[PDB]
Structure formats: C-alpha cells, structure tokens
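Asks: What follows is each chain in one-letter form.
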Amino acid sequence: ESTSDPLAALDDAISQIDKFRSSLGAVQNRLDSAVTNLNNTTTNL
Amino acid sequence: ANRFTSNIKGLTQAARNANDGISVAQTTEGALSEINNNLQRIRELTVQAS
Numbered sequence: 455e456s457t458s459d460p461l462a463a464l465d466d467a468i469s470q471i472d473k474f475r476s477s478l479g480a481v482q483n484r485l486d487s488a489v490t491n492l493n494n495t496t497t498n499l
Numbered sequence: 051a052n053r054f055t056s057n058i059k060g061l062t063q064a065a066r067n068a069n070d071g072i073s074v075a076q077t078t079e080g081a082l083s084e085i086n087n088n089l090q091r092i093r094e095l096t097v098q099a100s
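Protein chains in written order, with the entry's author numbering: chain A, 455 to 499; chain B, 51 to 100.
Since the hints were made in silico from the structure, they are not lab data.
By construction, the Cβ of each residue, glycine as well, lies at the ideal position given by its N, Cα and C atoms.
Cβ-Cβ distance ranges computed for the label pairs, FRET-style:
id : chain 1 : residue 1 : chain 2 : residue 2 : range
1  : B       : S83       : A       : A467      : 45 to 53 angstroms
2  : A       : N491      : B       : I58       : 35 to 43 angstroms
3  : B       : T78       : A       : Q470      : 37 to 45 angstroms
4  : A       : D466      : B       : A51       : 14 to 22 angstroms
Make the full structure from the sequences, and use the hints.
Replies: Here's what the structure looks like:
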C-alpha cells in the first residue's frame, strides 16, 4: 500500500524533470546562435 | 546543482533524525536507570531477609 523505495523512485522523477529542463536550455542556445548569423545574413544581403 | 542541493537537504534532515534518535535513547536509558534503582533496593532487601 505504501511506497517500496520512495527516495529512489522520487529521485527518478527529479532526474526526469531535470533532463527536460536541460534539453530545453540548449534550444535557447541554438536559437540565439541562429539569430546572430541570421542578422549577419540580413545585413549582407 | 540540483542533485547537489538535494543531497545537502537530505544530509541536513538525516542529521536532525540522528539527533531525535539520540533523544529517544536518552529517555529510554533514564527509564532503565529508574528501574535499576528499584532492582538494587530489592537486592538489598533480599540480602536482609536471607
């Protein structure tokens, strides 16, 4: 009725919710890396 | 950083739990000494009645 390994089964959830936050972090990085060269291309064109 | 702060909070809570266990041990030991006093008195009374 209770939880078998509460601390471990909860650390799994913490890791699962942090992996998504980290993966969403690199998206901003690549988006701004695209924005810079996109502005450069606008100026050149 | 997240796993770091998780471990930190856990260790603090574990220290608190250990302190609470120390308190429980002290209380039970006081009770046991209280029993031992009466046991020693009964021992002396038996030595007297022998």
